[PDB]
Amino acid sequence: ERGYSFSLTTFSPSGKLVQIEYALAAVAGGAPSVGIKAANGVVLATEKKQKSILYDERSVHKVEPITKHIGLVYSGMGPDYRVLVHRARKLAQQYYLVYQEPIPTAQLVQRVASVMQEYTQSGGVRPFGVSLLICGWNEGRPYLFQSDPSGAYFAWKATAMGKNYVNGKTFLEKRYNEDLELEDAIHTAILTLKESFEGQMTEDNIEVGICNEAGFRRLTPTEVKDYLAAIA
Amino acid sequence: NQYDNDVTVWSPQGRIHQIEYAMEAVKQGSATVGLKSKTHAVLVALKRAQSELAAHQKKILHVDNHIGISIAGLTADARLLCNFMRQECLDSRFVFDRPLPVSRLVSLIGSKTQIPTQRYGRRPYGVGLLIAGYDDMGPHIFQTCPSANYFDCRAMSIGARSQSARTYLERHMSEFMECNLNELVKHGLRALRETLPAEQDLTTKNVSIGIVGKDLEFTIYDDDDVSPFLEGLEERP
Amino acid sequence: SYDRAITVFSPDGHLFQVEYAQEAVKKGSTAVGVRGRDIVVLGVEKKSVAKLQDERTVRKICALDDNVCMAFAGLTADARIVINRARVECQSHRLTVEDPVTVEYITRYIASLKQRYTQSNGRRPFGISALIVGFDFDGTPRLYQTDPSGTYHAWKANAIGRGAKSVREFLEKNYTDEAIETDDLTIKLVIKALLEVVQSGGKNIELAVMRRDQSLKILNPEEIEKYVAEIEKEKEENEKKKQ
Amino acid sequence: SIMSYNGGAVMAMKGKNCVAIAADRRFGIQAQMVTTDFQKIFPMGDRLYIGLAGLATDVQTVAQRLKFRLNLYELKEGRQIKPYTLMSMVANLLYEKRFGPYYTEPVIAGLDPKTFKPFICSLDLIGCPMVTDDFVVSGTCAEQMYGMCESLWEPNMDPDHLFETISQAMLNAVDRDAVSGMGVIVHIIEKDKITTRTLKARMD
Amino acid sequence: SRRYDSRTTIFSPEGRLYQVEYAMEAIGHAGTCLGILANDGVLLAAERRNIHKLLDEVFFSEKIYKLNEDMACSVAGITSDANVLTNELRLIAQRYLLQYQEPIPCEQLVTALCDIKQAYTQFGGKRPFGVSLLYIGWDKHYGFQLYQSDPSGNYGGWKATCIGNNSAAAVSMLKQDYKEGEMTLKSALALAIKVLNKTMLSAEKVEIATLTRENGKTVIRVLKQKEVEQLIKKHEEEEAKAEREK
Amino acid sequence: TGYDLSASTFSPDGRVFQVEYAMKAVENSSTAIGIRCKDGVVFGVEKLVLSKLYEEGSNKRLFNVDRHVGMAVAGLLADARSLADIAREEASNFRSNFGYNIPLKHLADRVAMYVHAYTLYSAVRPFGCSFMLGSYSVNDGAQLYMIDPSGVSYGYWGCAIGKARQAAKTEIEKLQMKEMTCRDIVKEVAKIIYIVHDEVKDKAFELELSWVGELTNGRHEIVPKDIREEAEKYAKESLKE
Amino acid sequence: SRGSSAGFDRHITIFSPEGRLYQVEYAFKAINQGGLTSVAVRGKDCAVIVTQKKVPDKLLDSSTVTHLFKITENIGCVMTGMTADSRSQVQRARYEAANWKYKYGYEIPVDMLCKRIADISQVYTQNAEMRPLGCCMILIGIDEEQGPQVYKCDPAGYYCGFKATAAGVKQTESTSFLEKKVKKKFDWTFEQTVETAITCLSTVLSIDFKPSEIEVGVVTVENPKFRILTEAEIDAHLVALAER
Amino acid sequence: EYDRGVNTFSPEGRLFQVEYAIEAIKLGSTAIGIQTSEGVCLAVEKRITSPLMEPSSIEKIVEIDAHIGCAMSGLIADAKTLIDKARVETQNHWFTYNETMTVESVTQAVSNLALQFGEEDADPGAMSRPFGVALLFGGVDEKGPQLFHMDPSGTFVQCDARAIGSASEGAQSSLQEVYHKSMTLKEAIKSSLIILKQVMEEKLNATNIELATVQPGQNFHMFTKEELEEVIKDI
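Residue numbers (the authors' numbering), protein chains in the order written: chain B, 3 to 234; chain F, 4 to 240; chain D, 2 to 244; chain J, 2 to 205; chain C, 2 to 201, 206 to 251; chain G, 6 to 246; chain A, 2 to 245; chain E, 7 to 241.
Calculated from the structure, these hints are not laboratory results.
Built from N, CA and C at the ideal position, the CB exists for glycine as well.
Check before you lean on any hint, since a few could be wrong.
Simulated pairs of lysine-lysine, PhoX-like, Cα-Cα distance not exceeding 25 Å [claimed, not checked]:
hint: 1; chain 1: B; residue 1: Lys51; chain 2: A; residue 2: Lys182
hint: 2; chain 1: E; residue 1: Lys231; chain 2: D; residue 2: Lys157
hint: 3; chain 1: A; residue 1: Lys59; chain 2: G; residue 2: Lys110
hint: 4; chain 1: B; residue 1: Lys53; chain 2: A; residue 2: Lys181
hint: 5; chain 1: C; residue 1: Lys180; chain 2: D; residue 2: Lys48
hint: 6; chain 1: C; residue 1: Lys199; chain 2: C; residue 2: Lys54
hint: 7; chain 1: G; residue 1: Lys168; chain 2: A; residue 2: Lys184
A partial selection of chain D residues facing chain E, derived with a Cβ cut-off under 7 Å [to be verified]:
hint: 8; residue: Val9
hint: 9; residue: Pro12
hint: 10; residue: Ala64
hint: 11; residue: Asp67
hint: 12; residue: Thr97
hint: 13; residue: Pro101
hint: 14; residue: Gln120
hint: 15; residue: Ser121
hint: 16; residue: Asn122
hint: 17; residue: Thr152
hint: 18; residue: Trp156
Produce the complete structure using the sequences and hints provided.
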């Protein structure tokens, strides 16, 4: 077969693209994720609860590096996220090949959001069922972006996604402060996750990445263990 | 119903309704009979006139010196298939400098007409064919169907009311092999006449004949050229 | 690509998509054409005159070449597409034949484009009807009409769009050899035909004229108002004659 | 030989907190002069210029396509391009025609949009970039320009001294080349201003 | 497959294109954008909908996009569709500049984009773009210009217009407040502030861009928070005096 | 209920009903049986004769797909001929690329994957035929495979497809085919075909016999006429008593 | 809502009002149609896959009825669900691994092969014209750095590494049993891992296996090549299990 | 409706779209062709819809070639592609073989397009539906005068006299009542005009009908208003 040529996302009489709203419902049912932009870096945190202890929790990561200076996390459907991660890495490399410079975070976000938009209008496909938090560092500045299934993107100082993200956003509003440093941001992000977390959090229950001048990196379970011991 | 609009939809009974509807297309057409002896293959086609002032639609076509066909069903599909068959015979003569054997032509027709029965948006060919041919294995009568199945027949009849012709052919087939050409054509004409209603009768206007044989290239007889074959025909019961 | 059959026959032998395109045409503002002896006049109902709109940008009368112009009724964007295609074709005809197009030639081209869009996969019909007026190189004035189905005819005078039935009935009662003896009377016939339908006055009317050997000339609102005043004078004087 | 068809010469030079870019003005076809005001240096930013020598048609085409790409880049990114990024963009453009190459060898000269640091570079016709700290040259009289620059260039020149150095280099180099000259144009790019001058030059 | 096909580009029994009407319904709920043409410039004023306290500002503006040296636009409707269309607009402008080595006249850019939109309404079986655009620009043929386009591919030039939420009330206000041929940039900004106040203001909730000519060059500028705050305060005291006088 | 119209749609129970419907088409066909013995493979088919007008041998359901590989079919005959053409192309292409006779298991896998490709899409419908492939080689022995409309391929010692597959399987299970020759197996195949044939419903039928084994030197061919006459005599004698 | 539906969301892979993909869930249900169950257990220096073997007809050639496949000399897999879907997926995995070695010059890691197959599956879940495959793949192999590796991919495009896992009808009970076993301890020897896998299968089915009712495949750090056990070895394991 | 593809057979063995297109033919203006030994005469009611319309712009009889004319009925806009194909066919035949195409061959080439419509496995330029027009090809070749009828189904037949369009029933009955094989071209022209006058609604006059003839001597000839007036006067 060849793919269907007609769009599966169309306007409703009320003016809504209901498939986009349904993909957003899928996103809202995902595992909670949090991003905080500090003065000197960005922290991405996400709940990483496995169904059972049989799962090798250290085999699949939710916090992924796109480039030395760009990482991302998601809420929603994992396989869709893998697709978008692969596309984002390809786009960043293409930018680097043309301009011989690491792609700016905003440019990467715009290109990925363009792909996501394409999946709301092309024939015979559904939208991606994920929302992305993209963190980056360039021009001596940290960047935190969110990109939605519709292909719309926003710049955030702090935000929460996934299950219970409205309470998370209220909590971040109360706690967030532009002047706080990166370690305080990590503490605040873990606290935000704790609000909507079921059971005890361990270094194997959550995943954390940080972006700063040195670059983006996923934190190790030992570092997360130290931060959790401090949080208690 | 929900199973009877596309060729790619199996019904819960294991049938494909669109193919059966194309079969109906064939069953609507005017009767045609094919039969053979040890040396000859004969097609006799009853031609219809849409109006008393219109010519009767041609039912027998040339394909190659050794192959002719009689059509029943949609005539445009018949022309498509006839053009394909003609091209196949031309390709055989061009490449191998020999006439295409009749059975291989029928196999090619089968593949060609089976392809659309499995693809979305396509339809079956709405024509049945009687194929009269002569090759190294002697004379041949083949019947091809919209279902893309084909049959090798001692004799056959297709089209409206062709069951009567088939009854006659079943009754008399024992005599066909040892028939001379004239007796063979007369048997074909009697079989075809069995399809006619009481009011209608075989004439030189609504009958066409096609003959192929060892020393006889496929020849189509129409109008007064049919009178010699009709002359010896008795009166129907 | 997308290859659905959009325009298909219905049981009664009707192409519903073509009929619905003609409904869309009937929703458009009325356009009127009159074929004079030395002048062809096009008028269009400038419906819902918004004081803030830049009228130059929403003109429903346009030029296809130096000797052919067009008015339309229906979907404006489809009309823009068709007009651009026709302009390209007019230039191609100049290039290959080394002469200007006849009005009939480009009319045939547009009608063929429309018919093609009623019989090709993955496309809906154009929702516009067109009045094409012009002068052939030998000087004959020409007025043609095309509709979404791709059929076209020549007319002495015609109307399209909403209220085209009443306007056509008025033109039947008013198109005479006397009524087109002069350019003024041809223009006034077009203005009267539009006034039979337009909401009020000449404010809601855009008028263009093509004279032999000259290019498309748009009548400015002052000229239209003067013509409307003359028409009102004639109406009052003739009604006084009747009384 | 294809790049000698029209002649021409461009040169760029680095000062202390300034750059200079210069070009000859002749547009000719082989031995015949056609005009004496042909543009070979094109602005690409407030403080960023590209000079193009070689075949005149390719000079114009490359300048125009580069402006296309740069305009789109600056709209999409919302910022002025840095000199190194422009060099990479030009290299990509030229290499795209690796087997059908444009016959021009650009030089770039500018200041960093945020730091105002001097930058110069040169590219071969298929886009190999070469960043240097003193000077680059391109065109038919490259050897003459190399001699003049190797002899006259000094580090940390102020704008007036840079002007005199690049001017003397260009004038004396083109005076020994038949198909380059008919005037010289010089742009001095500083933090606060761009000074454009045309020199008194031999017109034979 | 025929069963699942939405049939986006077909007429309805009354001669309507339902997907286009629904897209216009979508635009009706988007953020308000208004354009006003004056003798010495043209302005766009857009209501910001991204007003959450934790949002960061990193860009030139939220809803106003520069299209080329002489042209900018505002978009109401689906944001990602708008990004697609703004990229296409920039590409069209640059293609024109490459071919002719002059900036594209504003109406030509608008027509080129509306052709794409109209194409999406006539064939291909795709949903149309759910975007309406206001364009402001300057060219040498017609000077300062303001255009509007909608998902159907229709477009028109305006002296003042509004798209998005409460566009009808804003249009009524402009009809009763715009002085044809007698508008300056200053009075245009005052009128924009008044109209946005009615169809809704505070500085952080609106972005305003002006387009003017200075020394034969086009200047496109987004007013900073200081200028917008001053305009809002000027409108507030003007309204206070008007109320007191009565 | 709407779930059974396309092969690209799972029912809520995880079934693909279009494939099951194609299998029903197979089930409404006259039976064919293949039997693997020590020396080779024997195929028998109960070709129903739908009218005396047809020449003997019309609508054959045994095909040569390669010198060493025979194929017996049940279901939609046109689909079966299409699959036979596919199998022939696969064997010829394999010989062209690798320079030797395609192993039967590999050919069966390739054709089964071709069949499977038609079970995934709304663009096409599943094949309406099941078929057996038989081969014998010195290096590989005797091999018998069966493929069904879903694309499932399995090797067998005895296989029956068609409307009387279960009764034919019950009869086949009574033979110790692993220690028999093709010469006795042809008689047993004829007997089974005659047993399972429904004399009332099915009217008349021709017995089609083919085999491939040591006695044919690895070439698949129709059973010689005298052998078939002996086998049919034995089958009729077994029926009458 | 709960189990709500709009438009065609039950027939093609478009989101339901809840954000679900019903066709993917139906493919998961199709996995159980085969009626079989497989288990995989990761030891200290070995990985083992056990699976039910069913041959209801004595006319079937039992050698040809298997669910264990070599993907590469060092990578083996057990497939669960619709057989033809499984065979197509095995063909695709073999192609991916051979292409990987051809393009990069070293053998594909198990995790990367599982990711590639899962990406193909994900594509099936976003394009409406084809259905997802109704099968689940469990891969085992020895990675030179990580040691033994057990990975699973499913029709949703979701994959993961596991200490132990199961697929098929008795997946949930198998996972409960294995969860208890790994909780008590995880550092198993080769014999211990094989016996744990066999006991999981036997307990969930409640059968005591004859050698011919199950299939076993193993990779070990000593012999990383994927090996399918013979009825002799299986019977040795079964007797060593019964005696204890 | 879209519940079916354009290539769907009905339970009676007919393509739905072709039957609907034939229904469309039954809405066209009436045309009548008569074949005699001295030539072929085609006639067609113009069906003027408004006195403001120009009757000369209604082209229902067109020249395919000097020796072939075509009358049409139904959706006339659809006929343009078929007419152009016929014209290009005759000119290709002349270019290749240096001879004139027979009427039957031209009719066959046109009829080969009737069923060339479909949606899937169709490249752009493919027709989405059948042509809704019926054609009467009249001509003169080596076999004398020839009249052929083609309908949307691709079936074409030679006819002595045929009526197509809305009133084709009564017209055909009258043609059967009046036609004999020995009639002269003048007789055929008079009879066709009488039948048209009978089945038409507007009064038959020289402006609201079209009449052409093909003869072995003269080429395809369209009657002028004065010739039409002369023929009509004797009715």
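Hint by hint, here is what the structure shows:
Between the alpha carbons of B/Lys51 and A/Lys182 the distance comes to roughly 20 Å, so the proposed pair stays at or under 25 Å and holds. For the given pair, E/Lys231 sits about 19 Å from D/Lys157 by alpha-carbon distance, which is consistent with the 25 Å threshold. Distance hint between A/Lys59 and G/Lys110 is fulfilled; the C-alpha atoms sit about 20 Å from each other, no more than 25 Å. Simply put, B/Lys53 and A/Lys181 have alpha-carbon atoms about 14 Å apart, close enough for the 25 Å limit, and the pair holds.
At most 25 Å may separate the alpha-carbon atoms for a hinted pair to count; C/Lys180 and D/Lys48 meet this at roughly 22 Å. A distance of roughly 24 Å separates the Cα atoms of C/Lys199 and C/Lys54; the hinted pair therefore holds under the 25 Å criterion. Taken as a hint, the G/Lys168 and A/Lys184 pair is broken in the structure, with Cα atoms around 53 Å apart against an allowance of 25 Å. Contact between D/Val9 and chain E, as hinted, is supported at the beta carbon level, the nearest pair being about 5 Å apart and thus within 7 Å.
Given hint, D/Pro12 at the interface with chain E, holds; its Cβ is 6 Å from that chain's nearest Cβ, closer than 7 Å. Here the hint on D/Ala64 is broken, as its CB sits about 23 Å from the closest CB of chain E, past 7 Å. Annotation: D/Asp67 was flagged as interfacial toward chain E, and the flag is violated, the nearest CB pair being 23 Å apart, outside 7 Å. Because the closest C-beta pair between D/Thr97 and chain E is about 18 Å apart, greater than 7 Å, the hint is violated.
The restraint placing D/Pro101 at the interface with chain E is violated, with a minimum CB-CB distance near 20 Å, outside the 7 Å limit. About 5 Å separates the beta-carbon of D/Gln120 from the nearest beta-carbon of chain E, less than 7 Å, and the hint is met. Interface restraint check for D/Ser121: the shortest CB-CB distance to chain E comes to about 6 Å, inside 7 Å, so the restraint holds. Look at D/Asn122: its Cβ gets to within about 5 Å of chain E, closer than 7 Å, so that hint holds up.
Annotation: D/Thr152 was flagged as interfacial toward chain E, and the flag holds, the nearest CB pair being 5 Å apart, inside 7 Å. Taking 7 Å as the C-beta cut-off, the interface hint given for D/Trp156 holds, the closest approach to chain E being about 6 Å.
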